[PDB]
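A single chain comes next, written as structure tokens; it is the form deposited in one PDB entry.
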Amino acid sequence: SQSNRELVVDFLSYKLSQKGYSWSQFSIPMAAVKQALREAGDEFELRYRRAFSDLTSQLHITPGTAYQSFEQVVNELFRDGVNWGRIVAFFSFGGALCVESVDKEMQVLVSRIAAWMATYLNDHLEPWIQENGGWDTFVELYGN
């Protein structure tokens, strides 16, 4: 999808803005999915992410690191399969890897992390999203 590409892009830009970094590595129901996912991600970071294993601990992200490394770590969010919260967490996770990377002046890694997210979302998560009524059902379940 291209739709999903802009979600990842929307999410990462919001998060970089929010946490105080440049988001300029990045140059209706869709504004509505964006919002719902934005807020979802904030609620997950606020209330919940504290409980989980730091998956950022299990991926010292560096210029050498490739998609399989990424994939293998995100796979830990989905050993029991996909659900909406785990998808929210997946976006959280990416945002996190963007904050660390800019915090590590590797600002260029960002767009690549966004590449990986769009690949991972599209290869593994999409089959579930569609089965479960797509993003419009997420919004209905997590709006406001």
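Each form is matched to the other, and the largest set of C-alpha atoms that superpose within 1.5 Å is called the rigid core. Positions refer to the first chain, counted from 1. What changes on going to the form deposited in another entry:
- When the two forms are superposed on their rigid core between the two forms, the C-alpha shift of 2 Å or more among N75, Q58, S69, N83 belongs solely to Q58.
- After superposition on the rigid core, displacement of the C-alpha of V9 between the two forms stays below 2 Å.
- After superposition on the rigid core, the Cα of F44 moves by less than 2 Å between the two forms.
- Taking 2 Å as the criterion, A118 counts as shifted between the two forms: its C-alpha moves by at least this amount when the rigid core is aligned.
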Given for the second form:
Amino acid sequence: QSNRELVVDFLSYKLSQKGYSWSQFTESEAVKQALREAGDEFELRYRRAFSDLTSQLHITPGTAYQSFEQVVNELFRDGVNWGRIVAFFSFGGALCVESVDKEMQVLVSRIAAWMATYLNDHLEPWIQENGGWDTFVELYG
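Form deposited in another entry structure, per the form deposited in one PDB entry context:
There are no partners or other molecules in what follows, just the one chain.
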């Protein structure tokens, strides 16, 4: 049973569950379904208690795998069980959801700032000279 496949399924489920998209988007099924459901229950039961720690944690272009690995090792210090495996997937899903949110906001804000800068320096004088945006509406509404 492929672990990479689980990861990919769980992450898309969580992204989707939280309302994320950036595109218009049997035995193996049974594992996925139970993992999704266990991740859901774990989050309902523990998100408050997990929340104080999973607040600021947001991965950036530079974050190293080793940092991730050092942090995750804490969860498994007293050994591996299914509960802790589920916590791991949920932690991953929450990391992923949090990073995407921040990174996307930063990216779109930068481009918005670029456009506003260009408008102000190069285009606003013309707009004022040619009737403002009301003339645009009149002409092209």
